[PDB]
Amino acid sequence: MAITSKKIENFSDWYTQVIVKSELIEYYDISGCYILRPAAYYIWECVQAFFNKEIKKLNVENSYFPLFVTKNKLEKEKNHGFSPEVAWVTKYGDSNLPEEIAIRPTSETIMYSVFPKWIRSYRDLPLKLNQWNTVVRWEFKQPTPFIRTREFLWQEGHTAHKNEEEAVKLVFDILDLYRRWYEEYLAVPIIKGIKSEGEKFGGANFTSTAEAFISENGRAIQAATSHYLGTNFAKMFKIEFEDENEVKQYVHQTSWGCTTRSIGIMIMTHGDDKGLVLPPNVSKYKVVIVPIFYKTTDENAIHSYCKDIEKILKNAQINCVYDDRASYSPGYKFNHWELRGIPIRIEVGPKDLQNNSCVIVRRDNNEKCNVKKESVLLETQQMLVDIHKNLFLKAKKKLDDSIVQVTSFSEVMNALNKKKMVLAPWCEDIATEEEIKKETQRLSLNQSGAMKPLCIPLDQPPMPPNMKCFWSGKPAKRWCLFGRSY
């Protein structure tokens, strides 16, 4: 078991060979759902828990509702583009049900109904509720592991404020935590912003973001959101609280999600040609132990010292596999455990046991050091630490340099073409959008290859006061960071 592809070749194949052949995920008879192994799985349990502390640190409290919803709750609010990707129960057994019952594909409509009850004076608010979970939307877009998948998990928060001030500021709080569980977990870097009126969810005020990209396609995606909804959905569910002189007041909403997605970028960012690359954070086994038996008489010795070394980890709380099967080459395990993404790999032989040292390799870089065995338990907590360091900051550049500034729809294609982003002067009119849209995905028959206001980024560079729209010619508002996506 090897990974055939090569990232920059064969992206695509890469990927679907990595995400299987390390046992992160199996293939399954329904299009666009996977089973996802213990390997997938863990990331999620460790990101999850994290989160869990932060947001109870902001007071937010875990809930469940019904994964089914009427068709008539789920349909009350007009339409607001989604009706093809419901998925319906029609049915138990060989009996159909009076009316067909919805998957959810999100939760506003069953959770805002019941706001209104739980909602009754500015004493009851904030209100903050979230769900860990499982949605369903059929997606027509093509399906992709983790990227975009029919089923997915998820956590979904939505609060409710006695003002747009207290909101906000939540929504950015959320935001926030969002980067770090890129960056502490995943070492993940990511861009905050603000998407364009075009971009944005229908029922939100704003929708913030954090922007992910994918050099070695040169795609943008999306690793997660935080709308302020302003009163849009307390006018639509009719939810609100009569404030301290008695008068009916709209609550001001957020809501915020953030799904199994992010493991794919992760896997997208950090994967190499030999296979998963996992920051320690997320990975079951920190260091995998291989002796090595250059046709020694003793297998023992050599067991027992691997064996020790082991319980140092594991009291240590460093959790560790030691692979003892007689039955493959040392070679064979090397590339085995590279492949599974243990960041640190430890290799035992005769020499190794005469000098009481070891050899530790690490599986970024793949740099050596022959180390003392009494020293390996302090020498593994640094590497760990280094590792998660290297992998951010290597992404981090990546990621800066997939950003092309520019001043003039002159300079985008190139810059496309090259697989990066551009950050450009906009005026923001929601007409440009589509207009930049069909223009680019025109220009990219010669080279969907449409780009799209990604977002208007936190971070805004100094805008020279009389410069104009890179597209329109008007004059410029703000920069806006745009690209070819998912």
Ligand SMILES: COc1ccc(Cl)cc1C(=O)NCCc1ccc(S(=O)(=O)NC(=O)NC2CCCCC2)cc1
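Numbering follows the first chain given and starts at 1. Rigid core (definition): largest C-alpha set, two forms, superposition within 1.5 Å. What changes on going to the form solved in complex with this ligand:
Only one candidate in 58, 46, 456, 33 has its Cα displaced by 2 Å or more between the two forms after core superposition: 33.
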Given for the second form:
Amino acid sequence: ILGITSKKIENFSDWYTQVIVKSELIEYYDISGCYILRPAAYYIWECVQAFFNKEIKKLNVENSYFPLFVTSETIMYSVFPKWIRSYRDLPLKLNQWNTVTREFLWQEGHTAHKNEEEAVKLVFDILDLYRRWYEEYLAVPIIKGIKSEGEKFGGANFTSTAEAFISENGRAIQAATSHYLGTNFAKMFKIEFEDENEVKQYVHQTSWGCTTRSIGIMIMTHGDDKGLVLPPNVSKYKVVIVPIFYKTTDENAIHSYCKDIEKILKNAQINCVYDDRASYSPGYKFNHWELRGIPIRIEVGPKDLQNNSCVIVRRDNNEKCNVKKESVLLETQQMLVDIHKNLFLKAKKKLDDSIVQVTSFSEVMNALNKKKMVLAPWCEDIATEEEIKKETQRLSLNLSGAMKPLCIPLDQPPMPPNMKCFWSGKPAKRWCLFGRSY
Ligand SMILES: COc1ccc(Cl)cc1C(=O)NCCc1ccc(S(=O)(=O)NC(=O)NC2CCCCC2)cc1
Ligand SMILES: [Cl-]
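Could you give the coordinates for the form solved in complex with this ligand, as opposed to the form solved without this ligand above?
What follows is the entire complex, opening with the chain shown before.
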């Protein structure tokens, strides 16, 4: 009852709710579904917040706060004409860190540029920062792409997106967005400027956001039947030290030895916890910290005193090795790196193995039935989006069983000149990724 009672594959929904509560990420307030972000969850948000802030500031984006909202977007663009008069006032680059299933925390950026080229470059610069956000900190692989006309934001010229995929239930989920808004809102609010030639021009706008859904995607990606699995970059404690006594003493020697290891790690700015609670067995502690997603366990028993060593246990694959005491710092540092690398790579394999490249709709149900996505040549006719939804829904009988256009990947496979649309039989335009979704 203390651990996870539902297998991730067999009952994904119940598994997830158990993991997020028992790992002490969240705490449910009442029956409304409202929840509290405990330190373990907020810490992850703080890590990626710190990363994102440093990177957008390199792009001269400035943080700010706009408190007025309308049902849900921020009141902002109508103020821009008061700030923009000439090309010297451009580019305007703003970001806000907001607080408000539902999502409590998120980030939202807005820019305005003198032309299309500069705005579009920012759109994709930001999009890659989202990629790094997921990869370098959450160890989650994403796919960058363009939304179809039927799935893009209404006010956007085009919507670029990062897509993640949960292989266990065969569903894609939108991980982040970066819109090119063109001049759509500039026309609405007369957001105009005089260029270098004293000519009136429309500003070109972008908006981009990412929420705490990123944390959920991380959990769903890496979590296992033992509970939470944290990439070291978003775990407060990198290491837990567990003492092992055999009642034959010396507990004090073990205790002292563990404190030596704790000191070495902490002196190297590697935060860790020494679980010296007398009331709980070592086996109890193993579960306790595995459940909470601690990347590395260091065990110390009698044999380790004898051999001047310690046992290191990886959280991601449960592999154990003996390590000399004088080598603990270096090997722990390398282990933390390799754990992140392994989490990403094994997640990327599951993602790559989830994409079935097809040329005909007759290949689609085979891929959906195996809980995968399809990559197909598509004429991109907006009317066909609903047709494809309705038909895949009909053929599967099945929380939606429909597949939708996820994104047109920035990385396109070659397109043969005479390639037809997998659905309409018309000339294909580009390869599009289709799948079931959240
Ligand atoms: C619809 O139910 C299901 C029915 C059947 C199956 Cl087979 C699976 C599911 C399912 O969907 N199971 C996961 C339920 C789920 C997962 C992710 C999201 S979310 O959008 O990503 N939101 C967040 O993660 N917030 C995080 C939570 C952790 C702390 C920090 C904030 C929202 C809900
Ligand atoms: Cl506004």
